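Colleague: Listed here are the chains, written in short residue letters.
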Amino acid sequence: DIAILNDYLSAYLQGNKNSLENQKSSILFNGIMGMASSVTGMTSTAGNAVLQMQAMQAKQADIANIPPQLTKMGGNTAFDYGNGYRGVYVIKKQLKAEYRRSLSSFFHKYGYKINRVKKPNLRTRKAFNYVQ
Amino acid sequence: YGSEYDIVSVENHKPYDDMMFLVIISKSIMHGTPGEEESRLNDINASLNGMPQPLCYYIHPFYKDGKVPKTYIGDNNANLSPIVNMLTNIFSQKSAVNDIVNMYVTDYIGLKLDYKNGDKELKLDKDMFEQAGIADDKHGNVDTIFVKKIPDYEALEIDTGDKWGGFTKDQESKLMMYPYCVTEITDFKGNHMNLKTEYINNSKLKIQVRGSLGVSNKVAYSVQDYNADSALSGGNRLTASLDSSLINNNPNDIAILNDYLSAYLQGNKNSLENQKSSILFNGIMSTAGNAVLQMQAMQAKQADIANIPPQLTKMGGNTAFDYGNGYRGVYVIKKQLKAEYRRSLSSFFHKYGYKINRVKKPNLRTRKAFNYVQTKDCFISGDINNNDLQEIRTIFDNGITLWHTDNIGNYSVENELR
Amino acid sequence: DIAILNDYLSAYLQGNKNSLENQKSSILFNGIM
Amino acid sequence: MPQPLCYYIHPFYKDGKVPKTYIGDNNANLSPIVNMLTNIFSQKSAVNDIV
Amino acid sequence: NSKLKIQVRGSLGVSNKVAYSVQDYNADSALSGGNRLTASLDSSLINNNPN
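Chains as they are written, first to last, in the authors' numbering: chain A, 405 to 437, 457 to 555; chain B, 153 to 437, 467 to 599; chain C, 405 to 437; chain D, 203 to 253; chain E, 354 to 404.
So that you can see chain A by itself, here it is in the shape it has in the complex:
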């Protein structure tokens, strides 16, 4: 909305002195925001070795990727078009290089999790095939 010369408009801007209203929402629950009895007596099958690696690398939490300032973004139209915010934006995001490196090395050695009933890929790669 753009301001509109009227008898009405000064009433319109106490409508926006209702920015003191953005206080409850833009805060989120930011307050909220490996297998030790293994191993002994095998030791140790390649499978349970991987399981422990999964346990030690266990996902503690997902990356929200929801900005807590969404609440405050659209209020001022003069601000938006002034600083060149207009139309749609496509932001492609991917994990930090440290974890790419980390996860890539893991997937490379011991393949992906499958959870299907089938006959296994025994000779698909040029060098090696892991199978459990």
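Because the hints were derived from the structure by calculation, they are not lab data. Please note: incorrect hints may appear among the correct ones.
[As the list claims (entries may be wrong)] Taking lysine-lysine pairs in the BS3-like style, the calculated list, with each CA pair at most 27 Å apart, reads:
#1 D/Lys246 / B/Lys246
#2 B/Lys246 / A/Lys516
#3 D/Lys219 / B/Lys264
#4 B/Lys356 / A/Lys516
#5 A/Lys516 / A/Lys532
#6 A/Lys421 / B/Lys246
#7 B/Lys428 / C/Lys421
#8 B/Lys348 / C/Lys428
#9 B/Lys482 / A/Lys482
#10 A/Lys519 / B/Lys536
#11 A/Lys549 / B/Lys358
#12 B/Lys166 / B/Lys358
Based on these hints, arrange chains B, C, D and E on the given structure of chain A.
Modeller: The following block gives chains B, C, D and E in isolation, referenced to the frame of chain A:
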């Protein structure tokens, strides 16, 4: 890593330093200019102001003393009146009283100005601004600034220096990472953003200020290098930086009319006071390998330190309170874990290294004194009978400390690199 | 409904059109995962 | 939908400039925005029943 | 600090606003007095009540 952070460093940055800007919005022209072919007084004047604007618009700089910087518009001294004198004058003038819509103060109008803070002097663009004479009560002509045309707003950068400066450095470097340390940026007016310094793609914390001259105050402080890819262009970084920047939506307006409506929401001033701010809420709160695991378990992270003040909600709203006590611009608050937990975690990291969780060949001789090494399903080859080779594999699979100095067991050393 | 009158009131809640816009719609929340 | 309100649109660039606009085969002869806004809000009778 | 010291800050705005702070709370030993008070708002008690 504890229950609370230490506040190790505090710094404050203001876009125009000592200079602030008062802002007046009206329906019609209230002023006169040197040499104008026509009193523009009381006329409707639409203008570009971030966007096509039907409103008339007045700007006036000031310092906390109340005096105003020597201001040139083009090559002409605008002859700016002291702030309180104009305010008295603008609200005493017959016409001006009835179509002044709103008034607020801002730390950044949306332009990098030619401002020398040393000599308290400001030069303005001949084309965007104009000398504005509001003159007459019984008398007293005051000079201020009318905004002619501001088609595009721009950003102003702030260099706060070394991103890691302020933190008391411990020799285990990981204790400088999140969540052990965190750089907080806040305007102390209800807007607040935590940053993981390690993920600032720069050696320096650089802040980008963006502003507006809209109907109310709106300023945003950004850190465009935060979570930016190495190969991301500057413009693109600034654009996307809004997601993790600090947006001062707070209306820094000063009051102008009781009516019926102002009173009614002063009837409902209290309703906005029923915050629940601290009911908000929190949500409150014998191999070497397994030896370490149990050690990880006994000091297991029970809870993360939120670092969102439950009193954030109440910080803005009162402009007279904020500027009275000197709350203005953006503040960079660097926090680090309590000394007690640093000792604890540092001592642990020193003996048994960091958690790694990636597949590589192990660091066996990187430190001067010792290297701890634990593996899982490790592969060790070589010209050795497969029985013995199989045993060596299990040795590293179970964890082992490899000494490089004859003083074995002396963990008091630094054990640095090389 | 389709609009029929500005008055003072229609404008005031167009003053508060934005307030209903401060949804928190994707900070809503999930409780994700 | 069936709307009882009168309705006006005007194209613009951030510059303030206006694209050459033809309505059918006729040059609409569009005024710059800043001029119009000034003009539309200056007519007092019409102004206060702009929704 | 060995003592609980409270810092009272006020205003004469359009409504009542007083804040009680404890500037030594979570303050680094080497943090200046002004900075302690400055940052103390996060962990202060802000009487936003209009009265």
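Colleague: Decide, hint by hint, whether the structure agrees.
Modeller: Hint check results:
no.: 1; hint: D/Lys246 / B/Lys246; in the structure: holds, 20 Å
no.: 2; hint: B/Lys246 / A/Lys516; in the structure: violated, 57 Å
no.: 3; hint: D/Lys219 / B/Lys264; in the structure: holds, 24 Å
no.: 4; hint: B/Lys356 / A/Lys516; in the structure: holds, 23 Å
no.: 5; hint: A/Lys516 / A/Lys532; in the structure: holds, 26 Å
no.: 6; hint: A/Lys421 / B/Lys246; in the structure: holds, 26 Å
no.: 7; hint: B/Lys428 / C/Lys421; in the structure: holds, 24 Å
no.: 8; hint: B/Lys348 / C/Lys428; in the structure: holds, 24 Å
no.: 9; hint: B/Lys482 / A/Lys482; in the structure: holds, 15 Å
no.: 10; hint: A/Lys519 / B/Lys536; in the structure: holds, 17 Å
no.: 11; hint: A/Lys549 / B/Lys358; in the structure: violated, 48 Å
no.: 12; hint: B/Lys166 / B/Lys358; in the structure: holds, 13 Å
Checked against the numbered hints listed earlier, the structure breaks hints 2 and 11; every other hint is satisfied.
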